[PDB]
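Quick heads-up: it's one chain on its own, the form deposited in one PDB entry, in structure tokens.
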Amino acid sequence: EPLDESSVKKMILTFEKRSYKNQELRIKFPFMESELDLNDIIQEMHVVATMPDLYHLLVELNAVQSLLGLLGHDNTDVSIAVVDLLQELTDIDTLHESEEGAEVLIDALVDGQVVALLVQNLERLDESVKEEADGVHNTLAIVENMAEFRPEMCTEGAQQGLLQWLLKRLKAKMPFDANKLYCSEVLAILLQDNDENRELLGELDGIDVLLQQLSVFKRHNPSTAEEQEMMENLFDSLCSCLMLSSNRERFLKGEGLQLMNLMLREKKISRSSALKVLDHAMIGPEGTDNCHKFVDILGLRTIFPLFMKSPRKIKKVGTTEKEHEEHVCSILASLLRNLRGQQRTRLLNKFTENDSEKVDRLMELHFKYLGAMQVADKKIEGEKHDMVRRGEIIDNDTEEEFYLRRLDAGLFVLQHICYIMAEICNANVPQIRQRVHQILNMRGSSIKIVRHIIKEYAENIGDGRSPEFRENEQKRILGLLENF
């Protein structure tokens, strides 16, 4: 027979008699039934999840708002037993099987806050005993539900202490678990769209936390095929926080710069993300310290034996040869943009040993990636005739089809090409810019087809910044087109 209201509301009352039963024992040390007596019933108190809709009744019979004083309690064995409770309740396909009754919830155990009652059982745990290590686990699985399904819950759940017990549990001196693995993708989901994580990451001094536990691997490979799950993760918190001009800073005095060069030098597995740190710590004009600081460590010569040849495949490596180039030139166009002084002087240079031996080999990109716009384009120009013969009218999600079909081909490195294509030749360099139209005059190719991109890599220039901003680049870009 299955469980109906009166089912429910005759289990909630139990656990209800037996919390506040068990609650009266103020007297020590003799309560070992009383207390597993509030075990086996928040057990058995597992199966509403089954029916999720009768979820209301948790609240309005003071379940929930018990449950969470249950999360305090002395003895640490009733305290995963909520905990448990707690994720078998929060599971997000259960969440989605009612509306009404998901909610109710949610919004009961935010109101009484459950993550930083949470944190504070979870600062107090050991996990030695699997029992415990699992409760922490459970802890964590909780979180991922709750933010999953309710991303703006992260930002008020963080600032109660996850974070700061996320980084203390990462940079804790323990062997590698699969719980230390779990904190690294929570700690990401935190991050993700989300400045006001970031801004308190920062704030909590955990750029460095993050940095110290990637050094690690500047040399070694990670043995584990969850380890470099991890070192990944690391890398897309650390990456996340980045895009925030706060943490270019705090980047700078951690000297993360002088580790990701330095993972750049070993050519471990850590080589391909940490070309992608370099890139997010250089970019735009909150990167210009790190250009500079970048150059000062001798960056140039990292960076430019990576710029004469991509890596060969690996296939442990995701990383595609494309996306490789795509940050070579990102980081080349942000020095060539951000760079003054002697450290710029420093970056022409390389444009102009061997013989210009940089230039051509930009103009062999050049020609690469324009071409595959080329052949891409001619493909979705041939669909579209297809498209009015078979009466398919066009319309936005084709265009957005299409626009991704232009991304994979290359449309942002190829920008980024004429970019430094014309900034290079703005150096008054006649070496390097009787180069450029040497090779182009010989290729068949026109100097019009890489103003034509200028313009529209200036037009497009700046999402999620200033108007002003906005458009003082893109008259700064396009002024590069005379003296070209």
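So that the term is clear: the rigid core is the largest set of C-alpha atoms that superpose within 1.5 Å between two forms. Residue numbers count along the first chain shown, from 1. First, how it differs from the form deposited in another entry.
- Large C-alpha shift between the two forms, rigid core held fixed: of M174, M308, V216, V388, this applies to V388 alone, with a displacement of 2 Å or more.
- Comparing the forms between the two forms on their rigid core, the Cα displacement of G318 reaches 2 Å or more.
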Second form
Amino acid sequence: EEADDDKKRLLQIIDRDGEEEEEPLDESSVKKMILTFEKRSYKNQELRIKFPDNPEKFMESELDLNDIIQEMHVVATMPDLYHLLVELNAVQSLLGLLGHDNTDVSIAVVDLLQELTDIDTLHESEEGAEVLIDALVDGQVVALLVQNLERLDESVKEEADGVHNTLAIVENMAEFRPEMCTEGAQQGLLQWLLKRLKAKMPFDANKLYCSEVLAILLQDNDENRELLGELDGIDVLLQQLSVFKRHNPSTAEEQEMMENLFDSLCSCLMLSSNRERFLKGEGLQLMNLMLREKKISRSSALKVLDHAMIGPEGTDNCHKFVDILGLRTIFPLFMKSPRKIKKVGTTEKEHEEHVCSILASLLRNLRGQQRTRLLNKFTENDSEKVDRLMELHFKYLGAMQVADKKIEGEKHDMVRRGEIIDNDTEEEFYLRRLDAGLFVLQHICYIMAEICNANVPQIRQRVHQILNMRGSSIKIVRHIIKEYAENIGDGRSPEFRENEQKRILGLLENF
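Switch over from the form deposited in one PDB entry to the form deposited in another entry, please.
Just this one chain is shown here; partners and other molecules are left out.
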């Protein structure tokens, strides 16, 4: 017996040198390369069946299999030949190797897959890109990549890179095919991203990457937003954000992660079904606590509250917000806007924009005792809040009039010039009005009109009292509101826009 003269002979093999030598691969270089890949992949699979308990007997075939996969990164240089990888079933083979028993192999193909699906690489060949992406999606890449992901140890660097490269793949496909975000998320990816986020590990760069991918998956995709709801993802997001309620993020990469979660949270609140979830998950209480602490997360917390209470489906959140003493929190922000001395936060216009969007949401949705508590805020201290509302009114009416004057002047200049006023000219105009503070001013006017319909004489009197003693007309407000009611509910049923139009306009009588 001597089974010790084949390991000594094996070491002489894995230390064997390599011949040296070119010209950019043609279709025949790739053909030769793929055949070798199938040749080595078949030998390795066969040897692992023959000697499942004797690694020495199949490890030089696995070394060979790993070498060809590394070598195939060159194919990404010329995406015109991607049709060859599909026709010759290299893609079906590679996807099968994602479930190879050795983790070193599966990692290797994940590295190859991300190199092949590089965004700049894919745009080099529209024809070659489509055929590759179609093979990947039909062969269920995201499903297989996730399955392989579940067996990776992140305490091992080579496999931590594998997790990263796996995510890099989906960031690539979702940019080339935004249509596959739904399929990808439902193939277990979203489920996995949630687990990885709430995993009790320290903050590494892979957690930052997960927060980033999750935002992409939820971007204008109502189907994935509902999916995140079913998977109890709102709770995960709230739990992760609750770390930064009293403390700021240590590093800067952790601060960006915090914002990627805030993005995902707002993105989920776009779906009405997630409003009740955010409510049951005590998100309102959390957000309100962040406003009281006044840490870094104070800016995005205000944004979340606005998204939660906005519209008809935010009516339950509006009532709960008042219940949890939200009024004592929001009105100080209404009186004075926090200053931007830092670098990462909302501006003054952006702050006042959300506060006014919040009050307008409350005035639209609140009923019962909660509505009275809101109106009483406007009466207290000799209606100082009404004075504050008017100060804001004149500020944005001023900025708006300056912009409107500049816009109308250009219209006249264009007429003498002979230039026709385009539809892409009128759209350029609308943008100048927006960052002048149009949306803010519209909320300020809606608030003004709603509290004058409250049949509270001290309020209605003060509004008219301030309006003329400054010079502005009650008619200017009526103009802004008609314009506001017109462009309402963009993204909702024709029935909705019709009834809300009626409702808003009805506030102009009895004003």
